[PDB]
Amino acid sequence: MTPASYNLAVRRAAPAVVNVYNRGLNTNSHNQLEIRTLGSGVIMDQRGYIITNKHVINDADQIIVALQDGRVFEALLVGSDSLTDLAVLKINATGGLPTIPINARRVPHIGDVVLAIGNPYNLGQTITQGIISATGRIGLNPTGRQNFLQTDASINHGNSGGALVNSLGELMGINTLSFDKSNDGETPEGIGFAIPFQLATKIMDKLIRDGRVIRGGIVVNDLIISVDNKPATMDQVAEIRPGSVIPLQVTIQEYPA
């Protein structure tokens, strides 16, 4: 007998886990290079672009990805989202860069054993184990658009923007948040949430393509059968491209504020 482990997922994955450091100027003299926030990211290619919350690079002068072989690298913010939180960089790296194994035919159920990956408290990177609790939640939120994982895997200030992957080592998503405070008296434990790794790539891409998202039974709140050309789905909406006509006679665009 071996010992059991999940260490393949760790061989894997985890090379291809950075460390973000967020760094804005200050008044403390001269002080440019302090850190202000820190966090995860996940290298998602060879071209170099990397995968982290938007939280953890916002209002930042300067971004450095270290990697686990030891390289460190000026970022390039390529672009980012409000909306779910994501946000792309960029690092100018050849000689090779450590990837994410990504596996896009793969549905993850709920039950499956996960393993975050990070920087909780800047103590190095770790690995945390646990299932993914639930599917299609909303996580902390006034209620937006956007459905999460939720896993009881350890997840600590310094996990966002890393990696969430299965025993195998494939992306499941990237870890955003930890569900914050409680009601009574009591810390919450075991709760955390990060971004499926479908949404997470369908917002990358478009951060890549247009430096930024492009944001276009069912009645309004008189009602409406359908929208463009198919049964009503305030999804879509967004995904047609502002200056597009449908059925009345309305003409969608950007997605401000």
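Numbering follows the first chain given and starts at 1. Throughout, rigid core stands for the largest set of C-alpha atoms superposing within 1.5 Å between the two forms. First, how it differs from the form deposited in another entry.
With the two forms fitted on their core, the C-alpha shifts between these two forms stay under 2 Å for all of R71, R106, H157, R145 except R145. Core-superposed comparison between these two forms: the C-alpha position of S182 differs by no less than 2 Å. Remark: with the core as the superposition reference, the CA shift of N26 between these two forms reaches 2 Å or more.
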Given for the second form:
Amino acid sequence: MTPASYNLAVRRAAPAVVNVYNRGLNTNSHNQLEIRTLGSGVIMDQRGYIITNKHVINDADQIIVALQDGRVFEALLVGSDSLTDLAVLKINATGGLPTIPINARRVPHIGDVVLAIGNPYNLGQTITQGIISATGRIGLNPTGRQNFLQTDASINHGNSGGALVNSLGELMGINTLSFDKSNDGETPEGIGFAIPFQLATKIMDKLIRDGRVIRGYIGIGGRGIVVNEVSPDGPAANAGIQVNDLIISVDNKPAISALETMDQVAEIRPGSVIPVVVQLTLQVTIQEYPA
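Having seen the form deposited in one PDB entry, I'd like the form deposited in another entry now, please.
We keep it simple here and write out only the one chain, dropping partners and molecules.
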């Protein structure tokens, strides 16, 4: 017979994950480019756009990307975002580049076998398999390290930026980090997180068209949609809205949930204005999220 195996996935996607190297100049007294850090990255399209974790390329005087085919490139940082730890690099490749399979039509499911491609502890490219333990949201609104994708695939230090792909090689997400906890008593085995591919995608496109992800701020909270503690003063305060009420429509559509609502405000460019219901339609001008 044939042994059970996920090599097909490896063949189809592995060639697209890269080693990202963060090189600083002031790392030594002789001020030469030294490898301050390193992680992994996923070549997104043939134009040369590579996704990766921000915490990898932060304060990097240089960024080198290297392919499994041996080609080495200097990368231009086109933008990052703290609220997701995603960063978008760009190599200028002539000759063709391998690209991570993407299937925008595929919906990830709790339980789907998934492999994590990356370069942890800088041992070279390694693959590890697990399943999707929790899916998380593809919204643009930051919530925490719980609305990501969760996997029991082994995510070590060096998998950051790597690819989490299903058995068909399809990119399910960008590995971000492990769960190491905050303290001890023990270690959290098999609890890793990845940013959903669908979101990495949204973020990348923005990081390209703007050099930074522009989120629409409405400063309000809650649990229609409860408005519990709406004392940020930013946009809430400035133009209708109270420190305790219930909204009906974020802009001109239902305000069923709090999460699904914020996820809309953020997708609204600054300066714009929209009619906020509770039936006293009070308009408000959207600002830009805080630093």
